Amino acid sequence: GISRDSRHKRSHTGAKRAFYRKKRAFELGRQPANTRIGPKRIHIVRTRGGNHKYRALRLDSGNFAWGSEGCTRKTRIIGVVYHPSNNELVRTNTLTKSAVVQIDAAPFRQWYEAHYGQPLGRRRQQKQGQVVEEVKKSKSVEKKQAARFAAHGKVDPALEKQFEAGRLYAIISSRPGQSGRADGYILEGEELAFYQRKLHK
Amino acid sequence: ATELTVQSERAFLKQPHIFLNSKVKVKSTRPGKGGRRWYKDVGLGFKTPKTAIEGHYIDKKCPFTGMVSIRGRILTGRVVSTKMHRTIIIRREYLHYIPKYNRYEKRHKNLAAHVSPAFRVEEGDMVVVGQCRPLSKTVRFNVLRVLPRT
Amino acid sequence: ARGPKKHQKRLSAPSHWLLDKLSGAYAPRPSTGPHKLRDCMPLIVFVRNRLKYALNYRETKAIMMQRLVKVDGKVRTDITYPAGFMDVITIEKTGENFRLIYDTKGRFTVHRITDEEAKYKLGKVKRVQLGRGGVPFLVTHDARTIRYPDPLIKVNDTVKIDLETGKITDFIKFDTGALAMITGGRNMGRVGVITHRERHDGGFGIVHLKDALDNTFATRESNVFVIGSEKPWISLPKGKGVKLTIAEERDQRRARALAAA
RNA sequence: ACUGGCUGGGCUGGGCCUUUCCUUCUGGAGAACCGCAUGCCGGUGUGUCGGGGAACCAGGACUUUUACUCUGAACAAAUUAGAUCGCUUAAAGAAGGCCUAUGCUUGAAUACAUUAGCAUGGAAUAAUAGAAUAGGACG
RNA sequence: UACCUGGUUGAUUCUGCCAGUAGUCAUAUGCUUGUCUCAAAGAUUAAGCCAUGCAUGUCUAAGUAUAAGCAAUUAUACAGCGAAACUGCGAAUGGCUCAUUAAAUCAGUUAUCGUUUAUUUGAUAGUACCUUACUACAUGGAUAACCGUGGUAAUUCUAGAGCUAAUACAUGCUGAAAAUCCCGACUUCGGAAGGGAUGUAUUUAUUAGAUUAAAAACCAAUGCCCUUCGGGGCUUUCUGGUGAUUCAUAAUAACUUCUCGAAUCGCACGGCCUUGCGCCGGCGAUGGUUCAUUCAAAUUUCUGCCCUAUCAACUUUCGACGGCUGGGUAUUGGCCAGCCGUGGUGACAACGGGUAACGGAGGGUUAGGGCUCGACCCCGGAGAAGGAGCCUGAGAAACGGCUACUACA
RNA sequence: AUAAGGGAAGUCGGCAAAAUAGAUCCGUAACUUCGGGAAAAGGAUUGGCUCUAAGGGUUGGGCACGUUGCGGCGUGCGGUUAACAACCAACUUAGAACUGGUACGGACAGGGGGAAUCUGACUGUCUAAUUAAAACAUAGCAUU
Ligand SMILES: [Mg+2]
Ligand SMILES: [Mg+2]
Ligand SMILES: [Mg+2]
Ligand SMILES: [Mg+2]
Ligand SMILES: [Mg+2]
Ligand SMILES: [Mg+2]
Ligand SMILES: [Mg+2]
Ligand SMILES: [Mg+2]
Ligand SMILES: [Mg+2]
Ligand SMILES: [Mg+2]
Ligand SMILES: [Mg+2]
Ligand SMILES: [Mg+2]
Ligand SMILES: [Mg+2]
Ligand SMILES: [Mg+2]
Ligand SMILES: [Mg+2]
Ligand SMILES: [Mg+2]
Ligand SMILES: [Mg+2]
Ligand SMILES: [Mg+2]
Ligand SMILES: [Mg+2]
Ligand SMILES: [Mg+2]
Ligand SMILES: [Mg+2]
Ligand SMILES: [Mg+2]
Ligand SMILES: [Mg+2]
Ligand SMILES: [Mg+2]
Ligand SMILES: [Mg+2]
Ligand SMILES: [Mg+2]
Ligand SMILES: [Mg+2]
Ligand SMILES: [Mg+2]
Ligand SMILES: [Mg+2]
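Chains as they are written, first to last, in the numbering used here: chain A, 5 to 205; chain B, 435 to 584; chain C, 448 to 708.
Read the hints as simulated data drawn from the structure, not as lab findings.
Heads up, the beta-carbon is just placed ideally off N, CA and C, and yes, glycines get one too.
Accuracy of the hints is not assured; some may be wrong.
As the list claims (entries may be wrong) - Partial list, computed: chain B residues near chain A (C-beta under 7 Å): (1) 445; (2) 446; (3) 455; (4) 457; (5) 461; (6) 572.
As the list claims (entries may be wrong) - In silico DSS-like cross-links for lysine-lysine, where the CA-CA straight-line distance does not exceed 25 Å: (7) A:13 x B:543; (8) A:158 x B:461; (9) B:495 x A:101; (10) A:165 x B:457; (11) C:468 x C:552; (12) C:508 x C:468; (13) A:158 x B:457; (14) A:147 x B:457; (15) A:20 x B:543; (16) C:685 x C:566; (17) A:27 x B:571; (18) A:147 x B:459; (19) A:78 x B:457; (20) A:101 x B:494; (21) C:452 x A:27; (22) B:494 x A:148.
To be verified - Some chain B residues flagged as far from chain A (calculated, every beta-carbon gap over 10 Å): (23) 453; (24) 482; (25) 493; (26) 554; (27) 557; (28) 565.
Taking the hints into account, I'd like the entire structure generated from these sequences.
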């Protein structure tokens with residue numbers, strides 16, 4: 005099958021090597037698995053030394069981490085929008101490591117509401133469609149929450165518009181072909197601005 | 435070296451596991467711990483160049499601000515080509531002894547090494563190289579110090 | 448070659464095993480264990496070729512079957528068990544104890560030891576650090592691992608082991624003025640006192656020793672075996688490992704021969 | 001068995017001064033020299049002396065670089081040279097030997113290989129660098 | 001043992017070759033042949049083709065026994081030997097040969113802070129809640145051997161019918177406290193009831209992993225003791241290792257067709273009291289997470305191989321030199337997929353052609369320097385008529401393992 | 001105009017007909033007057049639909065004052081935007097996915113080739129109405 009030896013290559017002087025030996029059990033290769041977003045599907049493979057690996061064919065969720073706060077919540081993936089390697093990979097909605105994706109902001113918004121008592125990214129006030137208020141059963145919370153707000157700080161202007169739409173850009177930091185997991189963190193700041201500048205021009 | 439800009443490529447280059455966008459600001463002397471540029475010292479009485487400390491270049495093959503360690507044999511040679519990108523070719527000369535004729539003859543070999551953007555190397559310069567892990571098909575050495583020219 | 452080997456061909460065995468080149472084609476091939484393959488003392492070779500208790504191979508495996516002889520206080524049931532430096536083998540029925548130790552000519556020899564003091568050992572540490580859960584531990588030259596050590600103990604030192612409870616009773620630092628024995632290389636059996644150590648950055652340092660007869664010699668750190676500072680704790684064999692040259696060796700054999708008869 | 005001697009011949013040095021002699025820091029350690037108390041008959045073993053500070057050890061800072069040579073470390077069993085033991089000698093072999101023993105004891109050595117790589121001393125012979133538009137050395 | 005003699009001419013001295021002479025662990029062949037110690041032998045030409053027989057199986061007091069098996073008759077659950085068969089392990093070790101192969105193999109010297117590792121040896125795991133509960137004094141269905149009935153000229157080919165076991169397969173709870181972070185019912189403004197989580201494996205993000213001279217001065221927040229009642233102070237926990245790491249290890253927020261944390265087996269017979277089939281209690285086989293060790297394996301740094309120029313330029317179609325982003329592999333790497341530069345070796349002999357070429361330790365021949373041989377008892381590499389592909393297994397691109405083509409049969 | 005199987009066995013003689021044919025990418029011998037032979041010989045691709053990438057033009061760049069009614073100027077004096085912003089405009093080249101009764105220069109248009117001998121060097125010209133050739137002419141050479 006596929007071989008990963010360097011014997012069949014040609015030396016740096018241009019000389020052509022001669023036949024030495026047949027292909028060996030080690031130095032082998034395996035068929036690549038092209039991960040796509042869809043309902044979950046994972047296959048098992050028995051690798052060297054009796055261990056096992058996981059070929060991921062279709063995934064729909066994975067862990068993504070918010071940097072400054074430090075929270076990781078499981079959510080669903082909307083689509084992939086950029087990949088530094090090949091453009092044809094991007095649109096076909098195939099997922100690998102270091103792929104820029106777009107994610108749903110509902111779990112992060114709800115956690116933000118629970119941890120901090122302030123609303124984040126709400127321009128629906130013009131519609132007043134989903135206005136609702138629930139009486140909060142305490143008074144000790146305000147000193148703690150206002151202390152957190154006055155100490156930690158405020159979010160940068162770029163990120164609230166993304167939360168207003170409910171979709172955020174992120175970069176995959178996991179190995180889908182190796183571990184069968186799509187993991188990453190939401191990207192922000194000047195590193196975000198580089199991608200936004202490149203994405204639409 | 436002379437580099438016009440640091441980000442002139444399709445992807446974004448950054449040092450791994452170096453957090454760069456932190457809400458709280460803390461000033462620390464440590465290179466990588468506080469959140470600013472990271473660097474260390476290889477050892478063997480080799481001093482980190484000054485240009486590295488304040489430089490902005492990103493390199494995964496430089497012995498400084500990189501993920502490569504210098505270990506193994508240390509060699510010397512004569513530089514013959516420095517006109518390609520981030521790679522140099524060195525020539526080393528020696529004398530072989532023929533026992534039957536009771537006298538020597540000269541021989542030479544060619545070597546390929548990776549040059550960091552911290553140094554600026556031109557033709558006819560003295561260099562010292564150290565062994566490292568395979569960086570390419572035929573690149574296994576890294577430059578550490580350039581001696582002043584005659 | 449499609450896996451690891453399981454046979455060892457005779458005429459390739461280590462020289463210090465002292466195997467005749469005739470009378471067979473194969474060698475015992477000691478099994479895997481705590482000691483290196485190159486420098487080990489198989490139990491079958493020791494019992495049959497040195498003590499002359501067993502005539503040939505067939506009854507050699509029968510002898511161990513009664514569990515009469517033990518090493519390091521624990522019974523071993525494989526005939527080709529790799530014994531090594533400093534190891535103590537105890538036979539209760541006959542009433543003597545043996546320790547495998549180099550002679551002055553670089554081979555294993557029989558050495559009687561007393562029963563009461565033959566119940567402890569000592570070995571050099573290879574690396575010291577904390578393991579899982581933050582518990583510090585060390586490993587010696589005979590694959591003995593001990594957790595929670597003395598914080599002053601560092602690498603390359605030697606530690607005294609009780610051999611019954613595995614507690615760190617005592618230890619010896621590695622510094623100048625200590626008494627050491629070489630364990631690898633050509634300088635087999637010499638005993639000397641550390642004079643001074645100079646190190647070379649990049650590995651493979653050398654150390655200089657000096658014999659009792661004002662001789663001077665050097666060896667690698669991986670080959671030095673410290674057994675005390677003064678008045679060595681273990682009992683050295685006859686000759687004290689001084690390596691007189693052939694001139695005095697020839698003088699002494701006729702001198703004692705003529706003195707006796 | 002064998003001792004002294006001979007300004008005996010050297011031979012290998014190890015200190016000096018000649019305009020030259022030998023870089024350097026910290027820490028450990030620690031004697032010598034003089035003296036003391038007590039022992040004694042002017043110094044010592046006391047030392048749990050102080051005016052001490054040979055030599056050593058463990059660590060920092062610098063030193064033109066090669067070729068060359070000396071001494072070390074590391075490196076295979078077998079083979080070659082080569083020491084010992086009367087398989088009746090020998091080619092071989094690593095055995096055996098000792099009064100009488102219901103026992104004791106030893107050997108199974110050593111040098112070379114020689115190319116490349118790692119340390120140390122020597123500094124002739126053969127190459128290389130340095131202050132001239134001073135862009136030179138020092139406080 | 002550092003040695004020579006015969007041959008051109010009418011006779012002489014030389015260059016020069018022809019001949020003689022000796023060794024061979026160097027082969028063939030001829031004549032002849034009594035004894036003693038040791039014993040190489042279808043390598044050379046055909047890595048050409050093979051009838052016949054053999055060369056790999058394995059059981060302990062200790063995995064699974066209802067043999068219409070034997071033997072006894074203390075074991076009414078058994079207890080010896082136990083055919084057969086299930087299950088576990090080995091069969092990738094040994095043995096043969098030298099076809100290909102000219103920086104390829106190999107040798108000496110380095111390395112893995114760039115990986116996998118059966119077995120042996122030594123240490124090592126409070127299931128917090130799930131599932132008030134499922135049973136824990138212990139879970140649930142098949143199958144072998146076997147009785148009996150068949151097919152084909154033919155094989156270590158097999159059908160359907162009826163039973164029953166696991167250390168085969170599949171599930172599943174029981175010996176503690178401290179501690180940690182969120183949410184907080186509560187309001188007095190300080191606080192406070194209560195809820196939940198937290199072994200190990202996997203993957204990602206973040207934090208700590210200190211140094212090696214000292215002296216003040218404020219400002220904001222703003223601790224005690226002493227106390228004169230204004231105040232005087234201020235003193236201060238650990239923190240490993242390498243020449244060198246993002247190292248060893250700890251902590252936080254979560255996740256998972258997802259592991260492990262023991263429903264196994266046998267030979268020896270004791271202690272308590274509330275006296276009930278009550279409780280406690282010693283040595284060994286078959287396992288199991290992580291670390292250490294051993295046998296190793298794959299890659300990897302430097303230098304060293306026969307003759308030939310009537311072989312002087314070679315390499316990048318369809319990777320040739322290097323950069324970047326990924327895929328794949330046990331891991332690094334142009335090993336592979338995309339984008340961007342135009343490189344790399346050579347008269348100091350590259351590239352190619354010959355080799356009646358496996359490499360080395362080494363054999364033959366000697367003043368010294370050398371010449372020649374090395375398939376072959378020791379080490380390393382490759383192959384089983386010629387090519388490729390693959391299962392099981394830690395380990396195979398295996399041929400006394402399978403699949404397909406070609407040539408024989 | 002078309003024909004099963006054979007493919008020049010027909011005939012003085014492959015006469016007539018058939019076969020190849022555009023463009024892009026590979027590959028190309030003997031011989032030679034070194035210019036050629038060469039489109040040598042011999043191979044692969046070609047539709048529809050939805051996308052990606054490359055090849056351009058025009059207008060703008062700081063202060064410090066003085067006329068003319070926020071503007072054209074007159075000037076003096078610094079920096080080269082680590083090349084930015086807006087608008088305008090036709091075609092040519094390369095690459096990818098999907099799709100079909102495997103078809104796609106779909107009509108038209110459109111070279112058969114190779115190994116040798118005789119003869120004239122080549123381009124050119126003539127018997128209008130039976131012969132276009134080896135005949136004539138040609139540059140070169142030699143003579144009067
Ligand atoms: Mg090291
Ligand atoms: Mg043959
Ligand atoms: Mg054959
Ligand atoms: Mg039984
Ligand atoms: Mg051959
Ligand atoms: Mg174990
Ligand atoms: Mg099981
Ligand atoms: Mg060149
Ligand atoms: Mg061959
Ligand atoms: Mg050989
Ligand atoms: Mg072999
Ligand atoms: Mg094979
Ligand atoms: Mg095969
Ligand atoms: Mg066979
Ligand atoms: Mg086989
Ligand atoms: Mg027809
Ligand atoms: Mg037809
Ligand atoms: Mg035809
Ligand atoms: Mg005809
Ligand atoms: Mg006819
Ligand atoms: Mg025609
Ligand atoms: Mg053509
Ligand atoms: Mg032609
Ligand atoms: Mg197409
Ligand atoms: Mg066509
Ligand atoms: Mg003719
Ligand atoms: Mg014509
Ligand atoms: Mg006419
Ligand atoms: Mg006509």
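How the hints compare with the structure:
Here the hint on residue 445 of chain B is kept, as its CB sits about 4 Å from the closest CB of chain A, short of 7 Å. Among the interface hints, the one on residue 446 of chain B holds; its C-beta lies about 6 Å from the nearest C-beta in chain A, closer than the 7 Å criterion. Among the interface hints, the one on residue 455 of chain B holds; its C-beta lies about 4 Å from the nearest C-beta in chain A, closer than the 7 Å criterion. At about 4 Å, the closest approach between the beta carbon of residue 457 of chain B and any beta carbon in chain A falls short of 7 Å, and the interface hint on this residue holds.
For residue 461 of chain B, the interface hint is violated, the least distance from its beta-carbon to any beta-carbon of chain A being 17 Å, above 7 Å. For the restraint placing residue 572 of chain B at the interface with chain A, the shortest Cβ-Cβ distance is roughly 5 Å, inside the 7 Å limit, so the hint holds. Restraint check: the Cα-Cα separation between residue 13 of chain A and residue 543 of chain B comes to about 22 Å, which is no more than 25 Å; the hinted pair holds. Distance hint between residue 158 of chain A and residue 461 of chain B is fulfilled; the C-alpha atoms sit about 20 Å from each other, no more than 25 Å.
For the hint linking residue 495 of chain B to residue 101 of chain A, the alpha-carbon distance of about 21 Å falls within 25 Å, and the restraint holds. The suggested pairing of residue 165 of chain A with residue 457 of chain B holds, with an alpha-carbon distance near 19 Å, which does not exceed 25 Å. For a cut-off of 25 Å, the pair hint linking residue 468 of chain C to residue 552 of chain C stands: about 20 Å separates their Cα positions. Restraint check for residue 508 of chain C and residue 468 of chain C: satisfied, since their Cα atoms lie roughly 23 Å apart, inside the 25 Å limit.
Simply put, residue 158 of chain A and residue 457 of chain B have alpha-carbon atoms about 9 Å apart, close enough for the 25 Å limit, and the pair holds. As the CA atoms of residue 147 of chain A and residue 457 of chain B are separated by approximately 21 Å, the hinted pair is consistent with the 25 Å bound. Restraint check for residue 20 of chain A and residue 543 of chain B: satisfied, since their Cα atoms lie roughly 20 Å apart, inside the 25 Å limit. A distance of roughly 21 Å separates the Cα atoms of residue 685 of chain C and residue 566 of chain C; the hinted pair therefore holds under the 25 Å criterion.
Using a Cα cut-off of 25 Å, the hinted pair residue 27 of chain A and residue 571 of chain B holds, with the two alpha carbons roughly 20 Å apart. Taken as a hint, the residue 147 of chain A and residue 459 of chain B pair is honoured in the structure, with Cα atoms around 24 Å apart against an allowance of 25 Å. As the CA atoms of residue 78 of chain A and residue 457 of chain B are separated by approximately 23 Å, the hinted pair is consistent with the 25 Å bound. Of the pairs offered as hints, the one joining residue 101 of chain A and residue 494 of chain B holds, with about 18 Å between alpha carbons and a cut-off of 25 Å not exceeded.
With a C-alpha separation of about 22 Å, the suggested pairing of residue 452 of chain C with residue 27 of chain A holds against the 25 Å cut-off. For the suggested pair residue 494 of chain B and residue 148 of chain A, the alpha carbons sit about 45 Å apart, so the restraint of at most 25 Å is broken. Taking the minimum C-beta to C-beta distance to chain A, about 7 Å, the non-interface status of residue 453 of chain B is violated against the 10 Å cut. Against the 10 Å criterion, residue 482 of chain B stays outside the reach of chain A, whose nearest CB is about 27 Å from its own CB.
Even its closest Cβ contact with chain A, about 17 Å, leaves residue 493 of chain B beyond 10 Å, as expected for a residue assigned away from the interface. Every CB of chain A lies more than 10 Å from the CB of residue 554 of chain B, the least distance being 27 Å, so the non-interface label holds. Look at residue 557 of chain B: its CB is around 22 Å from the nearest CB on chain A, clear of 10 Å, so calling it non-interface holds up. Remark: the non-interface label on residue 565 of chain B is consistent with the geometry, its nearest Cβ contact in chain A lying 19 Å away (cut-off 10 Å).
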